[PDB]
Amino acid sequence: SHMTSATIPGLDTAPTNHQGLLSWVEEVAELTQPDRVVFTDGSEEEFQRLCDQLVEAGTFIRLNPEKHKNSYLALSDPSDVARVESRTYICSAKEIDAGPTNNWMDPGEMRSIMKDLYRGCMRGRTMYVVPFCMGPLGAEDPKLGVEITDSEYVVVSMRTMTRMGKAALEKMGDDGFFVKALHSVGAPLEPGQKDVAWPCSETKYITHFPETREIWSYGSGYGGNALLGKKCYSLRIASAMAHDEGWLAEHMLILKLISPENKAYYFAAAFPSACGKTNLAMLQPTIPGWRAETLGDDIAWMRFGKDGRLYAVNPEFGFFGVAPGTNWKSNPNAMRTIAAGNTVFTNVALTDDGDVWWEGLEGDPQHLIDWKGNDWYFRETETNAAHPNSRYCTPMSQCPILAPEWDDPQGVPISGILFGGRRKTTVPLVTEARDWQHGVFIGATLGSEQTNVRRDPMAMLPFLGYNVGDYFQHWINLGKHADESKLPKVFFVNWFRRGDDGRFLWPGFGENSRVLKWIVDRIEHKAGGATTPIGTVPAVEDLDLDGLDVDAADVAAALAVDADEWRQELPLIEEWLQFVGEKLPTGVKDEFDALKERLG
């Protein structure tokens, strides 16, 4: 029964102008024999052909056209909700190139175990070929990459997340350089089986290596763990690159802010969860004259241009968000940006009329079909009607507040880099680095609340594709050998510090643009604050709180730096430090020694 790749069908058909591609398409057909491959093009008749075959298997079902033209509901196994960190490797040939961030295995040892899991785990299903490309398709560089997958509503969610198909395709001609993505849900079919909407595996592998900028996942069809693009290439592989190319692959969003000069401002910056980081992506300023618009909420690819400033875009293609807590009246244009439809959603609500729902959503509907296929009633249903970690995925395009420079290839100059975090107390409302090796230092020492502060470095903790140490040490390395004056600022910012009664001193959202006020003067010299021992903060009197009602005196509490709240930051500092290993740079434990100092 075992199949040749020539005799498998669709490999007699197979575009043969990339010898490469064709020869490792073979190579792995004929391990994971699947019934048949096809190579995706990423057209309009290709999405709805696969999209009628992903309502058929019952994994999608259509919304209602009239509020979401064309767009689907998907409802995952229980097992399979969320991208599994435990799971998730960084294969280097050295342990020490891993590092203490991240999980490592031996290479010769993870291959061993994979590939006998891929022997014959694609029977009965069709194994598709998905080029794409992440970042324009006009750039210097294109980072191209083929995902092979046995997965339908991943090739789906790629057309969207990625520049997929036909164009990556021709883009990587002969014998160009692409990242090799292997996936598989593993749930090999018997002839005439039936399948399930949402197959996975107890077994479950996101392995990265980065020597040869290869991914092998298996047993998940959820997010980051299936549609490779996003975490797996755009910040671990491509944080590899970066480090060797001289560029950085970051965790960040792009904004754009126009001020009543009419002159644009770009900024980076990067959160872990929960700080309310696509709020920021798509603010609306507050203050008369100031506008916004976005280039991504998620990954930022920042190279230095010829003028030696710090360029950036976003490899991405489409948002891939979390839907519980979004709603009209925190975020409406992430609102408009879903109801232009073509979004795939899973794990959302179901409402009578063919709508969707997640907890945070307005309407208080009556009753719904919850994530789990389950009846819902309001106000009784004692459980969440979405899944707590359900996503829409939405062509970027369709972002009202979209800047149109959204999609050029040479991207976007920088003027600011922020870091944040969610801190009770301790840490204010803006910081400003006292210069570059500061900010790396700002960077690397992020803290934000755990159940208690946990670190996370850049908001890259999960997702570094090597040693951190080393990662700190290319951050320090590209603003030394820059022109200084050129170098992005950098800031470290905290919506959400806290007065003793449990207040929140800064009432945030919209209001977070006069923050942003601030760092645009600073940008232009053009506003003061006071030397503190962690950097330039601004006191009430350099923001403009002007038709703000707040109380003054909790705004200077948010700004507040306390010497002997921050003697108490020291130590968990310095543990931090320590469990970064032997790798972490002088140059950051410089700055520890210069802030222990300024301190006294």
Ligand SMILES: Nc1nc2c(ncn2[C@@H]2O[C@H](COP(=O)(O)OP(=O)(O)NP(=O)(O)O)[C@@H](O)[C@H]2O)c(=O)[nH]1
Second form
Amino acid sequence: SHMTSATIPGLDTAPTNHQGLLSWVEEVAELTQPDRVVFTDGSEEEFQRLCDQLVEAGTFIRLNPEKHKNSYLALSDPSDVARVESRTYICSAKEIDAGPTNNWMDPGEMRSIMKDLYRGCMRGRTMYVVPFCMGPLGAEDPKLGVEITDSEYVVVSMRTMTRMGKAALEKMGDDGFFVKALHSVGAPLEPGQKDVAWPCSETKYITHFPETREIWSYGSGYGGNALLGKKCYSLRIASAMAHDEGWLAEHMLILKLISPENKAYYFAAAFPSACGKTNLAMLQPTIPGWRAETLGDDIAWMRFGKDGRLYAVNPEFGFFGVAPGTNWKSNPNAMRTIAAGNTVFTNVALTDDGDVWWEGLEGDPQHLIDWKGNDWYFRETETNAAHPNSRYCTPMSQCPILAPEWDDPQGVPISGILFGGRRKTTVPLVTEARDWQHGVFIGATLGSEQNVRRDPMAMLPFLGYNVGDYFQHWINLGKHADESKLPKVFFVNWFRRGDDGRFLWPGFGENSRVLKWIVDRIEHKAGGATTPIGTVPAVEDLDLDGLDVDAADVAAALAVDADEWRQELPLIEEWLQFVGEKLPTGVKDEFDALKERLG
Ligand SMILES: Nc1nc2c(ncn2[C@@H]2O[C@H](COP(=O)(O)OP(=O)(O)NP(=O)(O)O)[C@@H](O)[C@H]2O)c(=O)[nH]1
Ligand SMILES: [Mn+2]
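Could you present the same protein in the form solved in complex with this ligand, rather than the form deposited without this ligand shown above?
In what comes next, the whole complex appears, and the chain from above leads the way.
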């Protein structure tokens, strides 16, 4: 009962304008043997049809519309939320081009394994062909993709997370290049066999072929394993493209900050997971006259404009945020974005009146159904009501502080790039780099206590090629740029603690005071101390007006202690050794220069 592609339902009515796409779709369908093939158009009628089917399958339940319009709750197989870094691969032709931060396999060996897994994997299922565009549809070189998937959950989430469907398919023209992204949950069905709400496999691979810009995923239906724009395209494949094409694909929020003189500044900031991207991206300044708007909280693609400045675009179309921790007091703008509805929640808890809840959210609900479908009771049940890494998936357009520039293909000119992580000691609240090459060193040696883990530019899990070559790429882009037009680089730490365990700096909205110093430095309106690690403000250089904080604590937050930094050196040295043969001389130079300044 194997079917030739031309007899599989849906392929006789397939779009024919792009023969490369059609031939690829035919080849994949011949291999995976779906019951039918559907090309998705991204329309609202399609979205509701797919949602109805997800409700029927039990994958979704419809939330109370009086509290969230057009919103759904999905509960996954508990086995499909586990970390799968070890199953994530960069399959470059040579191992060195994957490098020490990546998992490599010979691409021939990998294709042999995965093509075997894919054979017949879609039996009993619909195969969706999902065209999408990463970034605004009006770009010079629009980065397009097509994800083939057997998961309706994936289609609905891709509609929110990318510009999906008709417009992207048309942008491909008759022979445009696109990233081929193949996905299966790896759970074939027999005719008449009852499905489960969340199909998946015990066998998982998330594989990237940098040379051909291809992504092959098998066995997980969850998050960045299955929504292939989110990390696989946005960072892994795109970093390889950016390497070859002279631009940057980075793990950065994009923030627009407006000063009391009504001038806008744009910042890109790279922090590792759980280090404050979402809170900073949706900053509410605490000092009069300062306003903030968001362009993104996860991925930034930066390209030089004709004027010589670096311009950032957010290639995504939605927010895919961690729900626990998000609440009305820490981040009301996130909550307001979610409140507007059109949201899919995954693995959060269900209230008695059809609302959702997660740890950290206001409300103290007395009874919930938890993320496994079991009864949960306030101050009694010893298990989390929502999965600790549960998610909301919501349109960016619903964010009340969305910058008007958010859908501009040209993007926004970046004045400053920020790097930061969680450091209990050593690293000051804010430091400005000495120059671009020093800034590259600061990003390259970014540490976070998540033992201090080095997470260079917050890209440790996401580089599409050798980490050393990636540092060289950063060095190259600055070397060939107009120095006066490059973003200035800053190093922040919201997380320094005193001996009694408390945070020296209050953070959150008060980070606007740090950003004010950064703006002033960009405008040459602020001073600071010249220290061995860069320029660091004194307490008197910061606007602490109206801030109920002990000045000694702010002083401590800003201290540069030579002894602490001397203990930091061998940790940095161990890391630069780990980077391996491709460590750029320019990065080693900065290490040497830091060691010299410290004495
Ligand atoms: N002490 C302190 N904690 C902060 C600050 N900003 C954010 N956090 C805390 O950091 C944790 C995660 O913050 P979040 O903004 O979600 O970081 P994130 O980088 O977006 N996580 P992810 O990127 O994986 O979605 C939250 O518990 C939040 O309370 C800050 O300025 N100071
Ligand atoms: Mn976040």
